[PDB]
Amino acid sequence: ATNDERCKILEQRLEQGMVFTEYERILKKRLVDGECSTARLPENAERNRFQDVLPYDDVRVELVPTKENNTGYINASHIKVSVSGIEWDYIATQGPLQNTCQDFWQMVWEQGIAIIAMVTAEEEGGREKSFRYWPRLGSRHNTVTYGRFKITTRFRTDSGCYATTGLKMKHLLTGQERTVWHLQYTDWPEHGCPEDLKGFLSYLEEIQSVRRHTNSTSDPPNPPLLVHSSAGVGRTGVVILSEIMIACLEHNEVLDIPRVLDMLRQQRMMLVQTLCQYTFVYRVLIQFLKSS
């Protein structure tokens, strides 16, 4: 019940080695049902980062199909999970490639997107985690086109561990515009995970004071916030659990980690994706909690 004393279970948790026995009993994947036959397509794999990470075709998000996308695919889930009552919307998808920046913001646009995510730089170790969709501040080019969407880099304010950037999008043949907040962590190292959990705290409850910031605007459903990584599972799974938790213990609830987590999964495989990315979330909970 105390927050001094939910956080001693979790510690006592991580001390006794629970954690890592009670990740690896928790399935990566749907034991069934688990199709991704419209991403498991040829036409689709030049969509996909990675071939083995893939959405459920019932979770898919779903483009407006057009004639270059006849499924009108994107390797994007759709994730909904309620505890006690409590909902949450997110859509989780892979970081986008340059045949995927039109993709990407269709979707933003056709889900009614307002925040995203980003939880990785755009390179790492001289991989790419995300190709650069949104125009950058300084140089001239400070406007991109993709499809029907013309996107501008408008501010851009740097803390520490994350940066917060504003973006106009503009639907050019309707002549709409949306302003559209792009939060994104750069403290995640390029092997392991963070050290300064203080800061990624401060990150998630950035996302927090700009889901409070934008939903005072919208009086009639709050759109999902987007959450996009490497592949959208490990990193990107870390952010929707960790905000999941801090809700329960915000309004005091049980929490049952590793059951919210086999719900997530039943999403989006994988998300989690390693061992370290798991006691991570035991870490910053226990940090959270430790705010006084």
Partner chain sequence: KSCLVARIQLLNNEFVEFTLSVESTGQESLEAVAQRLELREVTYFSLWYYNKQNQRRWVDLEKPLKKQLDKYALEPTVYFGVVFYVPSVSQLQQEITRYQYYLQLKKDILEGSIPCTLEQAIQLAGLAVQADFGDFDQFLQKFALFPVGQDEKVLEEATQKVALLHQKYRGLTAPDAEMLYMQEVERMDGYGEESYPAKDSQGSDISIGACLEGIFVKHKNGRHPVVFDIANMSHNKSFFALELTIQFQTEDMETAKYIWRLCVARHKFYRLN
Second form
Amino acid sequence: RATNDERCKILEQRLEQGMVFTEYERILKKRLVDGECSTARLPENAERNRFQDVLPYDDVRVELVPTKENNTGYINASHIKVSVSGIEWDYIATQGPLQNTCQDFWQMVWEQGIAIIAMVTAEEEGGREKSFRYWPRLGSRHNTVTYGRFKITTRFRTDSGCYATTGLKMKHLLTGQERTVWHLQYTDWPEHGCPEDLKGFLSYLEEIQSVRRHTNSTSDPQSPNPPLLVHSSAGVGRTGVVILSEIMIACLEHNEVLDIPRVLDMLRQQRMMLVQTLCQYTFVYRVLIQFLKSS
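Given the form deposited with the partner chain bound above, what does the protein look like in the form solved without the partner chain?
Nothing else is written out below except the one chain.
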């Protein structure tokens, strides 16, 4: 406990001295070398990128089983892994799907064994679409949609104010198998800047943990788990906030010295631009500080 309080004071003083600003600006936004993203840049894939300047690296892009319409099995999504005290935290960071990439998104969900989706954007912001509505609406008369080989059913939904929890069912039409998928949408991110309500975002992170609780069925606590799927509009800024926040809170578990810029450097090696603004980075500090205060 005193170890946590000391780490909390250290976090606060880094914020007080402005050192949080300095350390953020010296973290490179993209790989210095081997960051060509050549597959993402192919002309045939341009329609599959929401933003032409946010792309996955070739070595870590999520590869779909190729189809005739999608020869390279390309989707704008990156595998992210960071080990904390022997436990590998696995994530897939992807853009908000477009109308033409909903089939790819659900194929990705199926092939990667994904059971949890963390959507950290509203569907429209500022009069612009940020994510296609790739999952159906609630209501017995229209709660199903088919995207290629996948029929998706919205089964229930709860609204917790800063976020909503939707239960989905996904069916592989070729073979008939079904899987349940949880969809956790943070709806309170402001149009400009970063949220002032830390508690709401902390309760969202807590709900992600609660859904991991719902879906864990392996007796072995060291047994591997499918990655959490995290997406925003570009899949980098608010997406990085969720991933860095979860990893950093997990670092608080053991006696491992906290090194937030080190962890963010490793994340950016795996997907460019994660935690995309200065206020998002300071927000992570504030979340960790509020977390330690509530311990």
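Residue numbers count along the first chain shown, from 1. For the two forms, the rigid core is made up of the largest set of C-alpha atoms that agree within 1.5 Å on superposition.
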item: Candidates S139, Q98, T174, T157 - which moves between the two forms, C-alpha at least 2 Å, core fixed; value: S139
item: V83: Cα shift of 2 Å or greater between the two forms (core-aligned); value: yes
